[PDB]
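A.B. asks: Here is what each chain is made of, one letter per residue.
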Amino acid sequence: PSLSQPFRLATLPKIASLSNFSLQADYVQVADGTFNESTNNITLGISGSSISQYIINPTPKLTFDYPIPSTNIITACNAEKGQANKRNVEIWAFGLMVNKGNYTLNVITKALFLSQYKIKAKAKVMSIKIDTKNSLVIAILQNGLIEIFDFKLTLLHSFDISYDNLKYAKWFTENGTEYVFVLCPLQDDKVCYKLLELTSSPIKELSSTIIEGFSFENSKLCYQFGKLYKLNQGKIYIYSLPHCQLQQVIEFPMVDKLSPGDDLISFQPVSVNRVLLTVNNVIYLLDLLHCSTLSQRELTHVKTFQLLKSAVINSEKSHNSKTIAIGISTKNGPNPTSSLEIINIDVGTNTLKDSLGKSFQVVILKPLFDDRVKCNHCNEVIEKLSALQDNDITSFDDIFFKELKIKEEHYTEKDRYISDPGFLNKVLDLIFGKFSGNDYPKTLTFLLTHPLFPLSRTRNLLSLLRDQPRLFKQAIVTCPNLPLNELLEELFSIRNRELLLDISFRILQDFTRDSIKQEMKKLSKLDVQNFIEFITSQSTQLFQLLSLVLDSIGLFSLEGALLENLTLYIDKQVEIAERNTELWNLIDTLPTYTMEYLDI
Amino acid sequence: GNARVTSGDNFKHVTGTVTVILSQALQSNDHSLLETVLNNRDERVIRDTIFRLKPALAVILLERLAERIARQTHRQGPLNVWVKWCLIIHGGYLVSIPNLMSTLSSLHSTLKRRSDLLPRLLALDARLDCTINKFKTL
Amino acid sequence: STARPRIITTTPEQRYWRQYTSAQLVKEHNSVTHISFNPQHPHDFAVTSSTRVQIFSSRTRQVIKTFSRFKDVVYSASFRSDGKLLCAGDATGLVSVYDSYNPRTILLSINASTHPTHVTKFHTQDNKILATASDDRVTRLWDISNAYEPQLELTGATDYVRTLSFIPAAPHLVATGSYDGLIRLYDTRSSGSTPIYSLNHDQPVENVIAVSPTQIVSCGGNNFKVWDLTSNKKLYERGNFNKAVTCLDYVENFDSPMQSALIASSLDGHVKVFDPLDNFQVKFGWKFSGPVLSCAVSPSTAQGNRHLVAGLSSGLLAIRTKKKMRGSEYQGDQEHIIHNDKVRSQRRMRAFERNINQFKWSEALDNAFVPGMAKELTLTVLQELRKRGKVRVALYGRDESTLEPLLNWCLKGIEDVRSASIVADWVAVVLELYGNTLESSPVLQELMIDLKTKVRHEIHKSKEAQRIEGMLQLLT
Amino acid sequence: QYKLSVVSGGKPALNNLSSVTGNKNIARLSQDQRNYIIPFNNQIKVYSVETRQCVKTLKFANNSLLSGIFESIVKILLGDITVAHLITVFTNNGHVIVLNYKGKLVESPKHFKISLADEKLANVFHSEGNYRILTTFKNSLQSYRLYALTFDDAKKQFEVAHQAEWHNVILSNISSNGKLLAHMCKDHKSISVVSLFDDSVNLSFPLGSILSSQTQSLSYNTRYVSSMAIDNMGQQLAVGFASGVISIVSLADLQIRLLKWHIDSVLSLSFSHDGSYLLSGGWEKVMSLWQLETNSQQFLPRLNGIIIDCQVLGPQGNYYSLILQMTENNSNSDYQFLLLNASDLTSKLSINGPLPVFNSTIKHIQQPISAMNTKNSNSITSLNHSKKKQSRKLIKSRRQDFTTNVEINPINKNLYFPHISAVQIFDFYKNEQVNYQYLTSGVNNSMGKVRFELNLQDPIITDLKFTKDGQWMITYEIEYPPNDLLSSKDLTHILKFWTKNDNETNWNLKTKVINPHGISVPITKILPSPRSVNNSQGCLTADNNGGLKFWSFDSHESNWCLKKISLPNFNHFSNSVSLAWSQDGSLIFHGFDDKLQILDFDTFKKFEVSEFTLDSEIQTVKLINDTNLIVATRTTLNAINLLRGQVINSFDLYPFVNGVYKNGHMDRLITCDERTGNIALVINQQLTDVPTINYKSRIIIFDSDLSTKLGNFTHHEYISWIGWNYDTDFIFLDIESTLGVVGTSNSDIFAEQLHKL
RNA sequence: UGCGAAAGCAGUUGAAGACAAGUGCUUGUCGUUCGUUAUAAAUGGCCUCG
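Residue numbers (PDB author numbering), protein chains in the order written: chain LI, 2 to 86, 110 to 136, 163 to 249, 256 to 418, 425 to 433, 440 to 444, 456 to 616, 630 to 681, 703 to 713; chain LL, 359 to 372, 434 to 557; chain LJ, 2 to 10, 20 to 334, 361 to 512; chain LH, 9 to 78, 86 to 98, 104 to 158, 166 to 214, 222 to 642, 650 to 730, 734 to 788, 817 to 829.
Keep in mind that a hint or two might mislead.
Under the rule of at most 30 Å between Cα atoms (straight-line distance), these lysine-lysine pairs were calculated in the DSSO-like manner [as the list claims (entries may be wrong)]: (1) LH:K294 - LJ:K396; (2) LH:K597 - LI:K373; (3) LJ:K94 - LL:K555; (4) LJ:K94 - LJ:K333; (5) LI:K134 - LI:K15.
Calculated directly from the structure, the hints in this document are not laboratory data.
Can you make the complete structure from the sequences, with help from the hints?
C.D. replies: Here it is, written out as structure tokens:
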């Protein structure tokens, strides 16, 4: 999963209503019909400017524009392509409100103007759905009225939800049937939720419920695939349709630090259980099922970025993992300029693989049983050790072994308690600062045998202990997760015969033939030739290592002169090896007349 | 019953030259014609025919030899020299191949089985020599 | 108590084609050019050879009708869909229509052109219309009623047209393939005489066949390509053939594990089977003495023994065939209760299996080494005795006379990879069990001397195999 | 929330007393001969012979008196002694309990208590209102005393009167009628026969007179008696020897008659009621009816196990009752009771409990006596040494795994036990075996192994697993070569894929892979794939070399094939490998030796932290939920959040689990639900003042991440295995073969009279 | 027997009592004990119902 760099669609006009950045997302509407995974067009209603259709690819361009007076506020916009009485047409429906005195519902038809119609709406228009199949336009009003119109804006049906001051209405389709649910604030933070089915009445009420503790004033709402998401005070509340029952509450600590009033937050869905969250100029891709931050991007060149709409992927059925999201970006400076921007988003595969190690949420051995059967203070130690004088080996070892009751200079199964990594790392840091040069404490030898030796300290380890042979030998035999790069470098650099065999045995045991072979190519041709000369001068772990060399070196790089000496050597060993095999197997494995002397 | 037996090493689902006859037989999947070419035992002929054989056709030749050896193990020896020279001569071409094990899976399995006999054959040989030495001196 | 367990001792598509075991090679006077199968029972097939057409009985596999009226060479023997009527072409250009199984009478005779008429085929959906192709390069469409003028005269081939095909489910469409390398599609519904479109084969077209309503397979030159008319492009192409492919036939919905099969002649002596489902990939092939000019297989509804027919330029005709107390019978239909307990007898056991069941360990080993005994079967009895823990027991009461049969097989079995390990075990015991008898028996001694040479030879091969194994790793 | 309760049954009970031979079977056939009563270690089952089903079950736990009393049943007698479906149960201690079958068990049975002074009741019997009891009192030879039992109505008490006494009883037998007793004593040895209700028969003679001189020349096997039978009339006595030779002795004049067919020791001898036929059985797995008139013999071969006991059970000898041993399983003695119809020698009723194979022998189990000491048998001398060695191993040694592999069929919930070379399908809901299938080649039922043939080892089914769909069965087998050969050390590892339609009961083998992963390399771990990948038709197999192989079922091939491989040729070996797969199928967690790796499934290689080091070798890796992963090492267990890559909880296991179990068995001790949480099971030896044989197990329910203990329960015996049923409840198998569960008018008068008539 | 991988690495196979045979002495055995992690061989082979 990744977030692409935003690319510019258009620059918003310098209108007073758009000057208020915090409410700016409210003044820009995105048509649902034209903005999806497969569409290359976006229809956007910019209040007081126009309703404009742009093509995204290959380059952003303005394809159509319908001007609107500056004093009109766009409250709802939608555009859909279809067949009307049959010609292919694009039906545009938008609602504008002028000073709250009058509300205008307008329908425009374009050939792919064929006709333009306008009526007075009783109240503010928030959601507009275009049914091209039935040639219908459906509008939801603030007085709770759901009015169905044709393309000529002739009222065909009207439904009253019995509740006023509606705030949220979202359309969705399930199993081929069109559905809408609405949220109407009530007093005392109570909200009426209603679910309606579109088919004497084409609108059927399926569910009506009141949800307690649901505030709107500081809550951001979005819906996706039968789930309603509410972001409030850093906690995302997940409600499940058709009953809108609360399922899960997910805490988002990175939002809990936000001072109330200054930080601008937008919240939109992008895929199944995945949403986009923006905090000022930082954009987050979140996985809500696993509660992991899939991706994060900061837009240093803009003050704030507000999500307007996102093309949501149905990842369960769609093999495509790439979508787009459109938002408004505000530049830094004395004369801030707000512009429309689109971001390409890679949601991912929706698997636990994506969310591995990316949680946005931030030990001691405990007895198995709290309380006649057969039996088979880290900080204090750190403080005591750190207080020691420089280069005092005897005191350092005495404190470590005595305090921890360690009986052997090497790790044993009875030392499971010390296995806390934090204490070991500090002791390792102390040993380096406390001691340098040629004398190290015995505590280092114990740590080298510890299975949980920190990975951070494995690098350059062989170099530090190169001076002391025994300590180097201990590292080869027992030190865990030693890098192969250092092991191979020390393989070809060390002339000690004993160390070479141990290094050979360690490399094979912990690393694959394929993994070793690639690094061997990086080694210089001279070093491998020197190693070959050493061989010509348990042995399989050296020879099998040599066979890896002959594979790494390759056919061309080998030289005939040295190759002959190697051939003479190998033929010598094969004769001997066959001879010994014969020895091993061997270890595993009457006359008619006869003359005899009688004893008497 | 009718269950299909297999092994874990089946990496399948994971003048005097006869070069022209060999190339035609390999292209046409002609089992009879290929058999006549493989009938020769003269090592000098084997190198020369493989030497002039086009590198592309060499890969399938290894496949055909792998199958023929597997069906009849008695011909493992005589067909090994065919394989041995193919690797030597066309080694450069074989290196520049995206995948070998999948296409040379049969060869590796066939060669693996022969090596497994070596540890036990030595054990049998030592006991034969131990008894063979015994009566010969007696 | 439980019944005693029984001792336990390619592709299905290949196994089906292996059932055409019976082979008959008939000799004809000249090259057999065309072979056709009667669509109706008994599905007798006709072969065009020299100046005569011979119909062969399916069951009898011998000639039953001969049409020798033709003066010059004959070029076709295709039957009509009903099978009553067969048409034939002649080098003189006369097209002669005879009643099947009534050679004497000539129902209709048409002079297509002065040049030879190589192809004459009945139109599959419509019985009345007959198509003829000539070296005049006009593939005239004749009707049985109208014998004085063709219904339609398709033209536009600049070389010989020797391949006519009729597309199933498209009776208006007609396909022609000329030695220009162009396969032309015509529509009889329109005025015709001009192709709808042409398909380029790049090589002379020897036979065009419509496998399915939308797929046509055109075999020309050294390869055959399958074309889809909706896409108007070759989907797939196969060039496994060496010589120039000549003839091609298709059969569908027959009793094989493969629903459909596609046979194509090679002119190299090869005819190979292709299945349309698996991207037209090879599954089987047969080799003949000489080049194959015509191949045919019995229709789907043969209703009896299936036949595979191959035609060779030498005149040899090769046929492969896949062959297909008055109350004792009461059966108790009217009775209240039927009680059944009869249990069929187990499959007959061999001598070695009986001996093992009866605990005859030594005799079981003897049955292993008998003349005319399968090598695989000899391996099982040896493995069984080892599994039973009876190896020394089977070898106790033996001397040199009865030990040589085992050593003879071991001398040969050591070469086999499968039996190499088994031979080592048995040979190890007999040496450990008959060391003293070995010294006093000369014949046994030589049985080891050659064995030591052979086991040494295997050691060299296994060492050699390890070396090729080593270098093969280097390449990868 | 959770609760523990026993569900299924256990092993059938036997009179496990060394001296008594031929009276081992305690089950009885009703007087109407319409049902068979069999005592189990934890219940009494009444099976209807005609329909071959368990019509009634009397569980000791349900009844208070039986729960307090249950000590083992020494006999069952039809009817009530004190006084038509009553039975009197006599236990070894002396409790006499009058129960009823064919009805509802009464919560107040007529409990009584025979008075015995330092005596262990061994056997009881009757002919007509007269009752005798045999009791054991204490050279390693127990002595016997014969009392006479009578019930006095006034005092409602059982009174015992001394009748007879014998010392140093080596072997004993009672006639079929139950009125004569033959016994061998060391007073080398002498045989004496005594009439038990009368003084008519009283004879004794040294065994030396019976024994042939050639036997005195030969080894001790020829002179060692393993079986003894006495005729009803007392005229004949059959002695069976460890050599396999039977000798019928005519008691009137001590004339001998030798019958020789058994190649190995004869274990069971029994006379017919008329005395004209002799049932014999032994290691051959073949029951022989010797016709004594003509010395002929009829055979019933290929029985399920070696015959411990034979009896002719009926007024006219309608049935034969046999006890079978199944000596393949050395860990436990697997007894099976077989009731055969004498007419056609077909199994009229076969009864046996669950047959688990534990890793090591348990409690005081001793293999049966044979002519030679083998892996499946004890010689005459080896018996005492083996008993002492077994007790010393159970006391002093520290390796006490006794852990068994068991599987649950998802579709059917049947319980699969991998018996040696065969799988036992056992339905714990009905508490009846449903099938026994041979899943390997080998000498399994072709013949009865005898003497050195008994040293052969049949293929061992090591791992047995089902796919999530449940339609496929994956089996892993090891075939052991015979000894004394060049190829006597090259084990053959086999993998087999079986399939079965739900309606049928027999698995059909579909594919077979010989030497998977290479030659002589074990398949240490197998994990069927999750439902996400290939719809649960794939599996992973992992070696001790760190190699992984992914097989899947391809429809085109119509058989399984090796889709993916990762063969890192590590140079070290370790049997401590565990394997887990994410539910989605994206990641696979492979723990080898001390290191855990996260391999992406698509590339089947490491993700691009993948490597996690543990203090000691990994025994188990499991993910209770997609978020959390529980990793168990030999010294502790830890919970890790994959999302955070941090340890939440760590619990020390070293005090309880240090070297008690071999590597890989903690996998079968630990299981996890996919919804609620996981479960950990810890067994501790119990000792007071050196370790004792008895064990105590503790089960702990843990929530995901092991934050809290949902429940902590204690069971009084060593729990061999615990797994999670596909319902919420967990099923655990206990070395007593007990499967428990831890989970959340004139007309009316005339009608009655007519019914009576 | 312990550990471990399957290869292998370490470590054991003692004392008393009784009986038999041979000549107090010798040998062999143990349905006898204590302690330690700690060849075989009684001519004797598997049913019937096609």
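A.B. asks: Work down the list of hints and note, for each, if the structure agrees.
C.D. replies: Hint by hint, here is what the structure shows:
no.: 1; hint: LH:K294 - LJ:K396; in the structure: holds (20 Å)
no.: 2; hint: LH:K597 - LI:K373; in the structure: holds (25 Å)
no.: 3; hint: LJ:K94 - LL:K555; in the structure: violated (86 Å)
no.: 4; hint: LJ:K94 - LJ:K333; in the structure: holds (26 Å)
no.: 5; hint: LI:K134 - LI:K15; in the structure: holds (29 Å)
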